[PDB]
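Below you'll find only one chain, the form deposited without the partner chain, shown as structure tokens.
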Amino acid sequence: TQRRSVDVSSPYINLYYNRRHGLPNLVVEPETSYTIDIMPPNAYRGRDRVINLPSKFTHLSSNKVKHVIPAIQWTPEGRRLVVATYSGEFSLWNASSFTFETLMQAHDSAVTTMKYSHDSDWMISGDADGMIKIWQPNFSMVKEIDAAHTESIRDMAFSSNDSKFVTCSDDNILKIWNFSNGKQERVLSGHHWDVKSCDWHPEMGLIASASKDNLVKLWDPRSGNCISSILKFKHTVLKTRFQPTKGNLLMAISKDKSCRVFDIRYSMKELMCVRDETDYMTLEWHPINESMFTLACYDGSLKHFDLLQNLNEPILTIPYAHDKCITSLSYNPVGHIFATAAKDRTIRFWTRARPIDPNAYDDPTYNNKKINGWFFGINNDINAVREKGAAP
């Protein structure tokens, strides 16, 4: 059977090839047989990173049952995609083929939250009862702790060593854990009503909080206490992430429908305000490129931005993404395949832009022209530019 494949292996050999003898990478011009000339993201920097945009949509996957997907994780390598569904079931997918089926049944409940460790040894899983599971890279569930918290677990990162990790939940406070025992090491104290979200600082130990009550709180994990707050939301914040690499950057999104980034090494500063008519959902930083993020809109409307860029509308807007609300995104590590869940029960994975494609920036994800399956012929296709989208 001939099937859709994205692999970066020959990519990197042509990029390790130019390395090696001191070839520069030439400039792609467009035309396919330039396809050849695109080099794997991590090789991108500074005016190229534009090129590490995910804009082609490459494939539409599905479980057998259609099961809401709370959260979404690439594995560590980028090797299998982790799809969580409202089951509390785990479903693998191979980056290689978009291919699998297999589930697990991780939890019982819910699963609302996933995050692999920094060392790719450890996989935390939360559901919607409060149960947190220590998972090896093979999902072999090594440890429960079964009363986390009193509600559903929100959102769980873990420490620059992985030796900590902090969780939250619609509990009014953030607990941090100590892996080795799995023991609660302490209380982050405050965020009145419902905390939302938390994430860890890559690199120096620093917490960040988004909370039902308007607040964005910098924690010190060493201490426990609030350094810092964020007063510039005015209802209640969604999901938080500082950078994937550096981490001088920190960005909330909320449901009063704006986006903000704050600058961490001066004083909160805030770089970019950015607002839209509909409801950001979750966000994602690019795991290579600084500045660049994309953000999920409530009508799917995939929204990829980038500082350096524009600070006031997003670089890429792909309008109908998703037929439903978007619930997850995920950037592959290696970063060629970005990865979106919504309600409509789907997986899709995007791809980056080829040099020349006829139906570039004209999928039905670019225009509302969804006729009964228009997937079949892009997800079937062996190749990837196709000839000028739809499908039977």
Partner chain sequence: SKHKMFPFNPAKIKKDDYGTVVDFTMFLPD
Second form
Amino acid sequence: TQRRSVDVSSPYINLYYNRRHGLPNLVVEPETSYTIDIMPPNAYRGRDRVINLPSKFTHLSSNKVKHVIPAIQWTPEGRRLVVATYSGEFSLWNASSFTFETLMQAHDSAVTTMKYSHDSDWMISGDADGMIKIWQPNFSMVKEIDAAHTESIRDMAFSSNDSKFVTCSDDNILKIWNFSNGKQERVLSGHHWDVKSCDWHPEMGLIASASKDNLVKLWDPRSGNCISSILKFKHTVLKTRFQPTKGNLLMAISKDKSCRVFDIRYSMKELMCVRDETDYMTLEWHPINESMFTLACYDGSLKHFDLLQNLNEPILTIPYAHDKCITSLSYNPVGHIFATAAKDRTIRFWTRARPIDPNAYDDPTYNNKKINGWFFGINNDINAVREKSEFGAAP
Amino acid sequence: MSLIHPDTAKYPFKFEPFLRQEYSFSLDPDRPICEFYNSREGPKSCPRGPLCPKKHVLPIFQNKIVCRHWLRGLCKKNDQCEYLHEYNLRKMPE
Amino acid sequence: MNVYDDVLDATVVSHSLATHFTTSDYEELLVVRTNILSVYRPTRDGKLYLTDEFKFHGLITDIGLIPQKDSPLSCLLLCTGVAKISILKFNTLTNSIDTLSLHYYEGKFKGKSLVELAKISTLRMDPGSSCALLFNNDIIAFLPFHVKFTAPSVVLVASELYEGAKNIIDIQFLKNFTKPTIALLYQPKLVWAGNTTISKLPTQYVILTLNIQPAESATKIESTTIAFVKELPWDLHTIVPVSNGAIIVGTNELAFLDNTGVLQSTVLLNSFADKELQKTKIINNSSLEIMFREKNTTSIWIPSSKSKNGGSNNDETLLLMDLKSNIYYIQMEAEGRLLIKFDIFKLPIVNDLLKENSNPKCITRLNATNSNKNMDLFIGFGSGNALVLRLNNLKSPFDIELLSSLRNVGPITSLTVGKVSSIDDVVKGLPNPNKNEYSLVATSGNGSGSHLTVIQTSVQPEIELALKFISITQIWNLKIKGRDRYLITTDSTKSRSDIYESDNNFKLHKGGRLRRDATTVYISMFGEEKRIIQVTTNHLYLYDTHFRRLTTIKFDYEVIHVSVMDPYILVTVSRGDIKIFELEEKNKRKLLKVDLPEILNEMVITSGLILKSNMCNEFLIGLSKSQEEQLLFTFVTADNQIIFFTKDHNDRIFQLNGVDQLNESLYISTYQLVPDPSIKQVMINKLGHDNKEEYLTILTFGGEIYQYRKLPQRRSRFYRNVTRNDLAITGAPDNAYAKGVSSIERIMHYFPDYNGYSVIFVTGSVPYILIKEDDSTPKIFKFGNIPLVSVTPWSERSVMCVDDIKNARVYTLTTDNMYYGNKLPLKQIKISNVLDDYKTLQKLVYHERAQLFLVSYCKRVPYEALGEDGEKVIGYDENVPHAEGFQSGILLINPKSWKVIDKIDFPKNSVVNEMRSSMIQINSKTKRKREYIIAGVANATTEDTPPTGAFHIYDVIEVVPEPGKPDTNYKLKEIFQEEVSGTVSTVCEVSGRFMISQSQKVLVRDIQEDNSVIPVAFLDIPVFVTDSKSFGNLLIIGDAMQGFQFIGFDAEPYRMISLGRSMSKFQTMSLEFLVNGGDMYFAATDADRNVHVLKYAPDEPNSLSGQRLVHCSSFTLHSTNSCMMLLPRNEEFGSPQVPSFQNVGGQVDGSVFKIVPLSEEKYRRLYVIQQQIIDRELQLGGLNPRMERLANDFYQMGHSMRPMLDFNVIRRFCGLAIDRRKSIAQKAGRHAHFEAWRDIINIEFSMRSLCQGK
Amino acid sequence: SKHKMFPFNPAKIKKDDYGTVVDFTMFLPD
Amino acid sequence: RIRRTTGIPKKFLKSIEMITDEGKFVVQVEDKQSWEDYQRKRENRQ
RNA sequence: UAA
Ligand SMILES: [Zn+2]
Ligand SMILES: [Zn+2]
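Form deposited without the partner chain done, so how does the form solved in complex with the partner chain look?
Below: every chain and molecule of the assembly, starting with the one above.
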């Protein structure tokens, strides 16, 4: 039985044919036959980064038992998406067809964060009991680490070389860990009230933290001393992330309804400060194109930004991407699929726009006309473009 | 030799003893099976030790049915699985 | 421990300019291929004659033109790498380019950029010679020019020039402005095809006048807004300024905006245009379906020619150019500020002379003639050869003709080793002169003109006559009236000479008084073809046409060297004293002695010859004229000094000053009087095809050949280009590589007419021929694959050669599809004919057993998107131009006739992404192997459809040839066929079993005797397999996003062991093994023109038992790499028991490179030599080779003490002076000179393993 | 006398297990 | 409030005598072989 | 013989 498939193999064949023959990447024209000229996302830089926007809702996914999804994470090669449930289970989902069912029952409490090693050799997952498990790529539990934190783990980030990783929890403490033996290294002390997020610089030895004290701090992993504090957020900073590729930009979202991007190269320079009438919930940098990132809000409404296009407003808004608060975002490493999970117990996949589409920017994700199973035909369609409907509905 | 198909099969790489120690591997894939090694008896059953020029088949490859989790790359038992971790079509579970 | 060398130089022309850089007597044509700047003099009939060539250490991104005061010549603005500008001037005194100033902008660009910079910066020049800007993206670097030579530069973002500038598309300087003004095309909100419905007219256009304040320490630029246009179509990409405004070229529209900044009119080029969306001004709808889908459209703008009184003739013409080499005429009939009749017309090409050319790069007008009716245009192409075209009548009867072409092997998309020559062992009853030799065959072109390029390891001559046992030691051919009479031969071993009248089948003439019982040293025509002079060991004889003895001269001591000119004979004997005799004019039979200077006899002469040249004219009385070459008696002294004098020499002897040290420059000077002889033979003579230039060629006792060029002006000076690595290394000075001269003595022979080419033949065990094309410098090519003992002229445009086994062959130079430039003879093999036109050819393989070539064609058919079922995808449009799909097949080619023998076709959307000729084990028990052809077919479709592919196993079977023509005795038999789920991007054979890649998957299958193919192994890849190579049972699989991984393959219990992965993540292009002895290294080419070396080091501490491949070095290439192959390496001195290998890679710019692994001591010597050369020698454009090769994203993670060596830098050691060579060598190693020459020879001859085969 | 040439002598970074060691006084917002 | 063994291959389940499979309560243990194999692989040479 |  045929079904919707999003595979980047043929675009890569075309791209490498163009590269090995010296041919340029021809401009795509607004017609379906020119979809063959849409290169894989890794091939687009500069002004071509607009093609990489995941503006098209391609699939809605859900598990048999509708549990809250605290975190989602693509596999390091992008083959599968790991969906953590509030019951402590791992849900796998193949990227090609968005189809898989079997659970794992990873943790005993709600899994709160998962992170893959830079070398694609390990995964570390926390939970609500402060328990930090270590997994092999085949999901073999190799290290337990029981009392990693007194409270629920919130975030975990690997070092560049992957021998160390930093973890933060509801307890106001960040701990550096030696991955070789699982031992706990120095304690990053400070951060009055709970620390909500942490991140390691992609190449530098540096820790960025977000806490309830309205502070974003920079840490020395070798010494554990805080080296800089950002006194700009007026409420709890929920998330903070470095730019995955180069790390020159640090962005953090706060419950003060403000997103701020800092240029770490020049004295924590304030680049963008966007504000919204709704709370920002989570963020995600684009894995391929720098200066592009996505913000998730409390009313759904995925917002895609571009540092080089607009420093005040998003370049694309999907006002009704999710029916409830969006909890986690995850870009595919290949960059052609965007996965979002919300409190509506659904995982929604997003792909790049097509050269011509009657339902482009009119899907019930763009207008709130979500009547019954409006996504039934979007999920069951073998093709991608589809003919014009009332709004993009289904039976 | 032949310029079209250079002979690269038997090359004196200096990591051959390592490949015999770990992975029990060698640069001759069609080497004969050792008549001293026994999978059940363990690695100590070979007088030549891990550096035996012949083949020491691990017990994982003595299984009869191909592991369905290994095909998906999701086998949590690794070399200790009771199912065959080899792409054997005739041994597939239908 | 590796060294990088260029097997072939680049051929794709990327830039071209017309200016007066090296001279003002004519307008020169500067051509930039990839890193080679060639200066051409275009003739009246469109021929391109090369004057001087320069090779740079970096990729020349762009070239600019700027004049200087108090000089007619114009300084050259050279752009290389990322944000680098070097101002180049031509030094007429030293005949070389000297750097005026260096400008580095990459650091400032990085500091002012939020994201990573674009790989190529764009250069724009003001048409007022006052400023130049270089912009990467949104960041502009200005280079003001004073009207000391350059004002300080300022780098600023586009946002601080104009507030709204947010995504720069193009920047251009506008014309007819008092102050330097620029036009910015930008999109504040990015819009593409899938974004147009929710964003209308995003492109904006602004005109800013730049007010530049050059201060002493800095430069301040203030910009005033002249105009601003906000509503423009999204697809505009190129600004083409004109006299009254600018033409904005888009994919679907042609917008004209005047200098006042109003959209006067647009032209709707195709059905995708913004019809009625703009609706602001004049609209010119067109159904011509013109698509400028390229990022930047190449064009030429020709200003209106002045009238008799100073008018304009209203002939200002602008020509656009598609990627398909379609030339479009755009006329502007503006009467003033207002413009009317704006339209685009396609130039009709009746004779489709642009059929084989695509992707134009530059257009330059050669000859002006003060008229825009006629036009001579030089156009560089990415796929076809660069063409010089003549356009006669540009009207809205037009005709276009081809004047000349610059050979371009286009994009080398594939590389293989096969038997282009030596298919048959015996040719014309004698063994093949290039028997059992192999050569590289590559795929070239990107369309109709795609062909096969044979990169010949040696020149293959055409044999029309073969003799046996006609010579022993030497031969001479006499021409009574150009009739090939009296083929005199000599036998040095037994002191015997013979006649062999060659009028009639080389019968013994048996007549005359020729000394048969003596060794003939030299015999030739004499006295205006009326006398025959023969010099034996101890005698000189003068005969007539009928061999009647007239005069006999007895020499006390045996003669050594002897040269003949029409009135004079020069004879040297064992003592070293010189004897010159002059023939009597009136009645001959005298041979009067010629007086020699008394300074000559007291100094030792190693060799001498009689010479004709005008180089010494300015030092002679009553001679200051270019022509009328004088007769010069040239001699070589024991201290490697070249001296000469005239007949009426008085007592003055001249000398080529500086030739003893082999300096870069030589000049004639008066000679005024240590025996270490190195120069063995010299001769000054004209070389070339139709433009014959004088060259000084020096043969050293070590076997290597040095050449100097005489400048047409200031003829008393000779120059040698040291930066250009054009002259092949053939020997070593200090008795290193003595085996190259030990067996057969090396003698240079000059032939003014080989096939219209004036060539130089060098005899020896490995013969060499010096051929110079009109558009290239002279090149030394290996001649055949057999030793050459003696060579003599034969008939008209032929030579007769005798090998070491006493076989005589008559040779002619093959000039029908051959190009004797680019470091190696190139043979163009046209597979597509007028009947069956196959498109671009790719994935060329050679079947060793059947001795046949297999290539895959790839036709670009229109693409029809279909769903999973046979239903068209919704948004299709039948009445609109569509994107191009793919359609491929397999061609069986017989190298005997280079004709397609068998052709099979694959269905729609199929592209053969990999084809390999592999030895497949069809029986594990008996270890039987059969050579099968395996083709990996991928269905190139859209992203939204499930990926599919297929693999085919082909066996070449011998069938009965169909009556009528031979060489059709082989057919392709399909052993096995299977369609698989997932694109088959690669095919590789491992241990007699073949591994193919599916979508995010690799499978290993084995074939049995019953032609049953079953998978046996299985591994998961990260994203997409780009390339795969196997070394025994070890495999490397390249990934489109995560570098590559090392995999070992095991049998019986079939396994795919993940041995290691590359820690660095890069989009790899090609893979190959770089073994280098016991260790193992891998060569990986990156999409950023980087080649990486990684090693498997399980014994290293932080490698996780080898799971982390150690990054050794990164080497930035000048073009993207399309293919890599493993080649056995040739060893000249040390031949270890283990085999050695090298990597050969084909580049898109038409260049071929090789990586040669080195041992530890060899690497140390070459590394210290390269460091000394870089630090102490003068680089051409100021380019640092370390910066050119190592300034990439992987510099930090590599071993800083062991980078990849650039052989182009090392070859400059060979080009240094003798004392400089010793000084450089002694910096590390007592015997570093000897061993350095030895391993330099080893690297140079590393690819000579193709010379011996089977 | 030293010949004009583009300078190229980048400083090697320490690059320990925690990442690259950098001057931490460049991170004060000031 | 009590979880069920879903993906665990029962080789890493030990009878606690938290999480249950069929009546009997168990607990998930480490993969000792895999972690110690990793530590062995981190050592020099083999 | 399975999760
Ligand atoms: Zn054994
Ligand atoms: Zn298993």
